[PDB]
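My request is simple: use the sequences and hints to build the entire structure.
Here's the letter readout for the chains.
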Amino acid sequence: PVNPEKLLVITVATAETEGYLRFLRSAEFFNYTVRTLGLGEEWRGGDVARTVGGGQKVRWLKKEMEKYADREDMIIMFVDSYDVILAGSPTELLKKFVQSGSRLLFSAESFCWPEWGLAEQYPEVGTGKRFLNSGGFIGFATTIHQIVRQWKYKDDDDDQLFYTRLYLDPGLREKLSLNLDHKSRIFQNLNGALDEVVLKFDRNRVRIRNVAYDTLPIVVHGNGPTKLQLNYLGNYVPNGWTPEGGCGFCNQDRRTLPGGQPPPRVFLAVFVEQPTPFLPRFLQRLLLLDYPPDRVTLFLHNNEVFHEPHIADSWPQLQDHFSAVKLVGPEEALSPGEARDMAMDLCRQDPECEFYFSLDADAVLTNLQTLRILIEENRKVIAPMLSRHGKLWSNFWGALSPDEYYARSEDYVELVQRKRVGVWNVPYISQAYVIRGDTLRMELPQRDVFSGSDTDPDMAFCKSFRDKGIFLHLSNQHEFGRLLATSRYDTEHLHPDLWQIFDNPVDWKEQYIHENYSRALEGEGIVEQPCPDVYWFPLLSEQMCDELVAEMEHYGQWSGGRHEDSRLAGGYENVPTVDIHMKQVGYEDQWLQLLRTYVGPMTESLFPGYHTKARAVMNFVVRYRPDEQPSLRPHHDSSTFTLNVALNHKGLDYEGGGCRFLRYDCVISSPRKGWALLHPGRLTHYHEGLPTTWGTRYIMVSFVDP
Amino acid sequence: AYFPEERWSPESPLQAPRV
Amino acid sequence: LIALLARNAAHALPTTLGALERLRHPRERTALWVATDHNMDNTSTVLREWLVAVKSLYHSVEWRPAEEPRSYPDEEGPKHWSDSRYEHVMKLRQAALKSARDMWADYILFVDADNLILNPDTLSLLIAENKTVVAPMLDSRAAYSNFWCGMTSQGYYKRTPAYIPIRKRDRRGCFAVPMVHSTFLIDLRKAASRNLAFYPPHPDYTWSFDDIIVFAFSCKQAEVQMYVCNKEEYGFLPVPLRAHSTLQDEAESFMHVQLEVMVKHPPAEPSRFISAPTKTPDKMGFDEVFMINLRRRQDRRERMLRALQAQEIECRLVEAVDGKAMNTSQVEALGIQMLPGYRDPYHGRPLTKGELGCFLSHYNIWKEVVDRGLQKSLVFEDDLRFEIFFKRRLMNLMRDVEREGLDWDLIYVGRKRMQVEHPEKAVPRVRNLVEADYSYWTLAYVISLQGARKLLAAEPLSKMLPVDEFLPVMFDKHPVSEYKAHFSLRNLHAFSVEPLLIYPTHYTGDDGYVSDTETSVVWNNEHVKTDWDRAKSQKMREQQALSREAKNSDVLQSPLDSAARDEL
Ligand SMILES: O=c1ccn([C@@H]2O[C@H](COP(=O)(O)OP(=O)(O)O[C@H]3O[C@H](CO)[C@H](O)[C@H](O)[C@H]3O)[C@@H](O)[C@H]2O)c(=O)[nH]1
Ligand SMILES: *[C@@H]1O[C@H](CO)[C@@H](O[C@@H]2O[C@H](CO)[C@@H](O)[C@H](O)[C@H]2NC(C)=O)[C@H](O)[C@H]1NC(C)=O
Ligand SMILES: O=c1ccn([C@@H]2O[C@H](COP(=O)(O)OP(=O)(O)O)[C@@H](O)[C@H]2O)c(=O)[nH]1
Ligand SMILES: O=c1ccn([C@@H]2O[C@H](COP(=O)(O)OP(=O)(O)O)[C@@H](O)[C@H]2O)c(=O)[nH]1
Ligand SMILES: *[C@@H]1O[C@H](CO)[C@@H](O)[C@H](O)[C@H]1NC(C)=O
Ligand SMILES: *[C@@H]1O[C@H](CO)[C@@H](O)[C@H](O)[C@H]1NC(C)=O
Ligand SMILES: O=C(O)CCC(=O)C(=O)O
Ligand SMILES: [Fe+2]
Ligand SMILES: [Mn+2]
Ligand SMILES: [Mn+2]
Ligand SMILES: [Mn+2]
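Residue numbers (the entry's author numbering), protein chains in the order written: chain B, 33 to 738; chain U, 36 to 54; chain V, 55 to 622.
Hints are not guaranteed to be accurate.
[Unchecked claim] Among the chain B residues that face chain U by a calculated CB cut under 10 Å, a handful are:
#, residue
1, 227
2, 233
3, 241
4, 242
5, 246
6, 259
7, 275
8, 276
9, 429
10, 430
11, 441
12, 611
13, 614
[Stated by the list, open to error] With a straight-line Cα cutoff of 30 Å, these simulated BS3-like cross-link-like pairs (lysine-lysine) come out:
#, chain 1, residue 1, chain 2, residue 2
14, B, 451, V, 285
15, V, 222, B, 451
16, V, 285, B, 215
17, B, 232, V, 133
18, V, 145, B, 215
19, B, 89, B, 99
Bear in mind the hints are in silico, worked out from the structure with no lab data behind them. All C-beta atoms in this analysis are idealised placements derived from N, C-alpha and C, irrespective of residue type, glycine included.
This is the structure:
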């Protein structure tokens, strides 16, 4: 029952990185009394763990211990600060230490880092770890003073070999009662024991467990080249994420953008280096972001000769909108890495650079408040979570393979499907991030971050950002949008976006399908029945109608007119019209897909008890002109029902009429542009189209279910 | 792949008795 | 409710059904769901007979026979797990679970054909744990058991460092695991047990189509955890074979499970309602089979007679030459004289009496085989543990060596190799045989006529020593050259089997170790009784001491000696 007020955790941290703050939060969670040493001085050692180092910490500890050389009623714990998180309570630590009995416990690892020749001098150990590691130890004040008073070397001298040499002396070890934590009972090292640690969830806290010896450690030290595993462990242990408490430090430290002064300036950066679908929609959405236009500068980098007309058309709106706008064209022969480096150099060299919001053109930002939230989070680097539609692709990696490429992690699927919500720590983010300005200025003053290597620019950026010790956060609290699939893209078309019904269904639906279709499907009016058993609902918008008409007119070969046929197996038409069947233009499969997806469910709801597969054979577009051919004679159709969609406006471009039903004396006067006509066409509907006198009119027909 | 888990599955409540 | 799924299980049904009939649970609070199909042998007849005999006691019995057809179309053999077989197993188990829910019975115990539930209190001890899914840990002849400890990426075995401590019972209590199969127990009164489904995979299922991984995914998505715990011993189960073996291999596997039961427990008695198809022993194609046993020792001979009968082997039994009781009057009648300049190689004691009696019995057996002129014979002891496919492997090896032809005399079958070093030469154009070396433990050996004649001509009457140190002298492999110099001819060509076939039942410093020899009086005098050596045993085992670069991988292996599935 040792008093928990006699513990004193003392660490060393020259600066205040994110690792030191994480350790501080973990310690203050369980009520410990930490004292940091050397907060402000310069690191007079060398490389942190490349070859040697760490001789300044012993000197600092020796200088500090002079004030505790006489106290016996205190227990002193020494731990590295940048790569350690605590997972236990002070009372449990005290109980385990008292159970150990020794006056000094070190942390036992399985490797002999500095010197290899001393391997055989260590006392033998059956199962547990054998060697000694200086990353953490606990003992009484007098014994620690006796150990540390003998340090007299150069400031760059190594540290571990001194402790090892001191411990290997039998007489000294027996005199001062040294010992090691053989079975990982308090200190756990994540180097050589990565397959013995499992997360053990609980009601409101998370703890690690050692399966090999059935012990629960108190401190976790990710020494060696296993800092990424410790970063992964830090999302949960000890109060990061809990099964009933959501996230931990994932909603605080929020600016909330007060002051009345205009919000912090942001240097927008948009990069286009591939032929991407739906680019003009992205450009027109750029103006709709919720941020004042007198603060957001812009840097648009276009790297394709194919995308010049779109940006050239949309340029005046951007030039008027934002405060300052700069374009880099394709004629500069600029590699993508050089362009990204130039953008970061531009903002970094500008003292007004307060943030930096890079944004790839292959990123649809459904949420219009993403920028405000990401500025408000106040982290060094934070990225939203965008995921492909109906897949597990995303813009982050759960874990890293030894080849430094993608390697699947354990909870990637949980994060992708938003079963867990918070601000996670990941080794790789891409396609959208918000880097702070001062981080670019006084923490990464180097210029070449993307280029200068054979590797891809994104992996190079993430590697150079991880090597400096900066965390890459990733927030998936809200819905931030989706990614577009640009793997394949046929550009040899007048309007290539029309063929995108198989790759990006959602964006295709938003752009081409009529905006009132969903309401009509759900049944709040709109759909009309002007005559018995004929329906009138909207299907296509103006963009699809115009684009289809222009694409068909580009074909030119308006066949049709002769009673005999060559496109038909029978070889004889009952009634000829000038038409362009979709098989000739290659749009047949996409049209069948549209019929299967959108027309089907509505015609099922309209006529209850009817099940459709939307299998059609004949579908075409006809042109009615007073010169070439007049309207049609009364007839029937060889189908269950027919779909009659118009493709232009009445009066503006033609002066004619629609359909006339003989069995009901029903006449349709003014068909709309994107609206579709539905009616059975086999038995009880003897229809006949009206003639046109002025201009030309377009109609799309499809004899579905023959 | 790293850090295998031991999730919190608390014993489920019993069902109402049959009648 | 107890659910059984039987197919080609006629060999195993009596013993396991007798074991399951004696569960300490009231017979009026139990129901049956036997369901058999797709079988070759007459499992249906025996299952029907047992049902008809036992239908009265139990609450309600079900019966779903589907005799035709007798094989799946797109399968290579009875052990080929085609996708149709998987589908059928899914549907059958899901039907059993569904019929266990619409009947208002809590708990359901999924037992299969080959699992031998030995402890009568297994059901009560599993009920008294208050978990949804819990499965007892069943023993086996290898590291195989009925629980996993990790899934790699798509539902495949992975050895977690917490397996051997659990399986070898270095820890106890109930431990959460990601897989339990074979025998388990599902609670049907907890609310979370309403989402478990065997056949229909979850919509998010993307892994392979094995039948036991789909239930793990269903348990994981339904937020339940599967336990497995081994506070005491429960039963045994045989290791699965390859996907190209026959039914005879499976029968031999279950018979070896039956033998491995007896070595520390009373024999697994069969049921009463159905009987066992008693077998007719064969002579291995040998001439004789001798087994030297003491009349005073009666427990040892019964288990060995049962082992020989269960393996369909006769036994031309021979008694012994009681020696703890033989005095000098009859010791010196035959010229028995202790070897000049001999001692215990490990202690220094001159000689004991158990070795004298054992050597006398072996000498008499040798004399008999010489007199009657048997080409070959097999000699045994009282403490044996046969390996899997013992009979068939021995037949094949002996047929091979006889067909090839060479100067074999003393093919060893059980021995101990203390000479741990670089491996020994392998005889060409033969399989599973290696050249002999230094070895104690003459548990069993195949004597020949020529070898026996040479050994008798050596005339070992005036040289007394233990047989395990005798035999290495006569083929020029003993370390010390003084004893060899005391002898004249070493024309013996001994051999051995690299995949050893017979091991002793009890090692030194273990439970139940009683040795007729070693702990006795000296060959002379009557007041020096050496005790059983506790610290200076020196005969523990040559298995852990061989866990090094022993190699011996250049040998040619028979098509047998290959088994196991995802677990080892
Ligand atoms: O048509 C049928 C009817 C019943 N059974 C029964 O299914 C069980 C399978 O046991 P085996 O001894 O044939 O095989 P395994 O040891 O390979 O079984 C283990 O692995 C299998 C493949 O993974 C299954 O999952 C099975 O549940 C698991 O115990 C036996 O009771 C058998 O009678 C069938 O196989 N097929
Ligand atoms: C087996 O476990 C269940 C847990 O589901 C126990 O149910 C608890 O019963 C007590 C009795 O009053 C209730 O107070 C708890 O609320 C129940 N648990 C839950 C989660 O609701 C059940 O008692 C256990 N069986 C035994 C014999 O103790
Ligand atoms: O730029 C600095 C300044 C100080 N330290 C200190 O040096 C110690 C050793 O660093 P690390 O724990 O990263 O070392 P490893 O355990 O990998 O040798 C850390 O605890 C810090 O206190 C450092 O690593 N880098
Ligand atoms: O008076 C006798 C007669 C025979 N045996 C032999 O001893 C063997 C059994 O002894 P055990 O195998 O227990 O001794 P171990 O070799 O195991 O130490 C039997 O085969 C007997 O033939 C004996 O020791 N004393
Ligand atoms: C320890 O934690 C509790 C919980 O907040 C706190 O109220 C208590 O005062 C703490 N003890 C110390 C020494 O601060
Ligand atoms: C969709 O319907 C609404 C009805 O409120 C109408 O105002 C709007 O113009 C329609 N959209 C069209 C015709 O494109
Ligand atoms: O022009 C129309 O609306 C009628 C034409 C028609 O349905 C047909 O031509 O089959
Ligand atoms: Fe028509
Ligand atoms: Mn460290
Ligand atoms: Mn089995
Ligand atoms: Mn014995």
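Structure-based check of all given hints:
1. 227: Cβ of residue 227/B sits 9 Å from chain U, so the hint holds.
2. 233: holds (5 Å)
3. 241: Where the cut-off is 10 Å and the nearest Cβ of chain U is about 7 Å from residue 241/B, the hint holds.
4. 242: violated (13 Å)
5. 246: violated (13 Å)
6. 259: Cβ of residue 259/B sits 13 Å from chain U, so the hint is violated.
7. 275: At about 5 Å, which falls below the 10 Å cut-off, the nearest Cβ of chain U leaves the hint on residue 275/B intact, so it holds.
8. 276: holds (8 Å)
9. 429: Interface hint status for residue 429/B: violated (12 Å vs cutoff 10 Å).
10. 430: OK, holds: residue 430/B within 10 Å of chain U, min 8 Å.
11. 441: Residue 441/B check passes; min Cβ-Cβ to chain U is 6 Å, inside 10 Å.
12. 611: violated (58 Å)
13. 614: Where the cut-off is 10 Å and the nearest Cβ of chain U is about 48 Å from residue 614/B, the hint is violated.
14. 451/B to 285/V: violated (37 Å)
15. 222/V to 451/B: violated (38 Å)
16. 285/V to 215/B: At roughly 25 Å apart (the allowed maximum being 30 Å), residue 215/B and residue 285/V satisfy the hint.
17. 232/B to 133/V: violated (40 Å)
18. 145/V to 215/B: Since the Cα atoms of residue 145/V and residue 215/B sit roughly 48 Å apart, the hinted pair is violated (cutoff 30 Å).
19. 89/B to 99/B: holds (17 Å)
Of the numbered hints listed earlier, those contradicted by the structure are 4, 5, 6, 9, 12, 13, 14, 15, 17 and 18.
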